[PDB]
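For this one, chain A is given, so just place chain B on it according to the hints.
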Amino acid sequence: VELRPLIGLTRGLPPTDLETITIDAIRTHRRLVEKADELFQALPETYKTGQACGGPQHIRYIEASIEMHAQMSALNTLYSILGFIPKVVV
Amino acid sequence: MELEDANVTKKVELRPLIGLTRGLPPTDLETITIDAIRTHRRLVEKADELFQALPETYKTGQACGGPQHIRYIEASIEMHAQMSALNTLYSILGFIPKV
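The listed protein sequences correspond, in order, to chains A and B.
The first sequence begins at 12 in the entry's author numbering and counts up one residue at a time.
The second sequence begins at 1 in the entry's author numbering and counts up one residue at a time.
Rather than coming from a laboratory, the hints here were simulated on the basis of the structure.
Accuracy of the hints is not assured; some may be wrong.
Partial list, computed: chain B residues near chain A (C-beta under 10 Å) [as the list claims (entries may be wrong)]:
| no. | residue |
| --- | --- |
| 1 | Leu14 |
| 2 | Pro16 |
| 3 | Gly23 |
| 4 | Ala36 |
| 5 | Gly66 |
| 6 | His69 |
| 7 | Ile70 |
| 8 | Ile73 |
| 9 | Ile77 |
| 10 | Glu78 |
| 11 | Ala85 |
| 12 | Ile96 |
| 13 | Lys98 |
FRET-style restraints, in silico, Cβ to Cβ [claimed, not checked]:
| no. | chain 1 | residue 1 | chain 2 | residue 2 | range |
| --- | --- | --- | --- | --- | --- |
| 14 | A | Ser91 | B | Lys98 | 34 to 40 Å |
| 15 | A | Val100 | B | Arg41 | 21 to 27 Å |
| 16 | A | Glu49 | B | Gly66 | 31 to 37 Å |
Interface residues of chain A toward chain B, partial, derived using beta-carbon atoms under 8 Å [as the list claims (entries may be wrong)]:
| no. | residue |
| --- | --- |
| 17 | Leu14 |
| 18 | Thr21 |
| 19 | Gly23 |
| 20 | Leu24 |
| 21 | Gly65 |
| 22 | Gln68 |
Built from N, CA and C at the ideal position, the CB exists for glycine as well.
Okay, chain A solo, but in the shape it has when bound:
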């Protein structure tokens, strides 16, 4: 379990609400990844290969990626608490 506090937070919640939260969390993650991808694609080549780093544009991409990773950690936790990955149409 990546984010332990979610155990206690979701304690007692009806299983349909847990599933619902988890499905919405899948949708959010995918939206976050698409955003992080978009910003990455717009970076100059040099930042893409790691030759250069820093500056506002690169920081914005980094921030988008952090949000994506933080979310994924939550999502993985939700899977452990739910007991499954729900079927979601992509």
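Chain B only, in chain A's frame:
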């Protein structure tokens, strides 16, 4: 930048941040952390407010479920998740900044 607490008990909670921030100018890692600090404070305020707005039956645990409850939970999830991020940035910096 201004330091709040030195020699932190580093918990690297979100591994990918290390590679993300590798090589940044120190000023840029500090700008990231500061904005993460401000973000976290914000998320806490929102989750705490949503909690206080719940009907007293939900706060006591006499009731659960439904859209309002879910909304509090999701806000809370976002707060915990962002705090995992922030604790990792503190590990990378080696200190907690004052903001």
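Hints, verified against the model:
no.: 1; hint: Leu14; in the structure: holds, 5 Å
no.: 2; hint: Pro16; in the structure: holds, 5 Å
no.: 3; hint: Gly23; in the structure: holds, 5 Å
no.: 4; hint: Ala36; in the structure: holds, 7 Å
no.: 5; hint: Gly66; in the structure: holds, 8 Å
no.: 6; hint: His69; in the structure: holds, 7 Å
no.: 7; hint: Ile70; in the structure: holds, 6 Å
no.: 8; hint: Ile73; in the structure: holds, 6 Å
no.: 9; hint: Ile77; in the structure: holds, 5 Å
no.: 10; hint: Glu78; in the structure: holds, 8 Å
no.: 11; hint: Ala85; in the structure: holds, 5 Å
no.: 12; hint: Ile96; in the structure: violated, 17 Å
no.: 13; hint: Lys98; in the structure: violated, 21 Å
no.: 14; hint: A:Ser91 <-> B:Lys98: 34 to 40 Å; in the structure: holds, 36 Å
no.: 15; hint: A:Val100 <-> B:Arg41: 21 to 27 Å; in the structure: violated, 37 Å
no.: 16; hint: A:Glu49 <-> B:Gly66: 31 to 37 Å; in the structure: holds, 35 Å
no.: 17; hint: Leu14; in the structure: holds, 5 Å
no.: 18; hint: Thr21; in the structure: holds, 7 Å
no.: 19; hint: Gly23; in the structure: holds, 5 Å
no.: 20; hint: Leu24; in the structure: holds, 6 Å
no.: 21; hint: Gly65; in the structure: holds, 5 Å
no.: 22; hint: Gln68; in the structure: violated, 11 Å
In summary, the numbered hints that this structure violates are 12, 13, 15 and 22.
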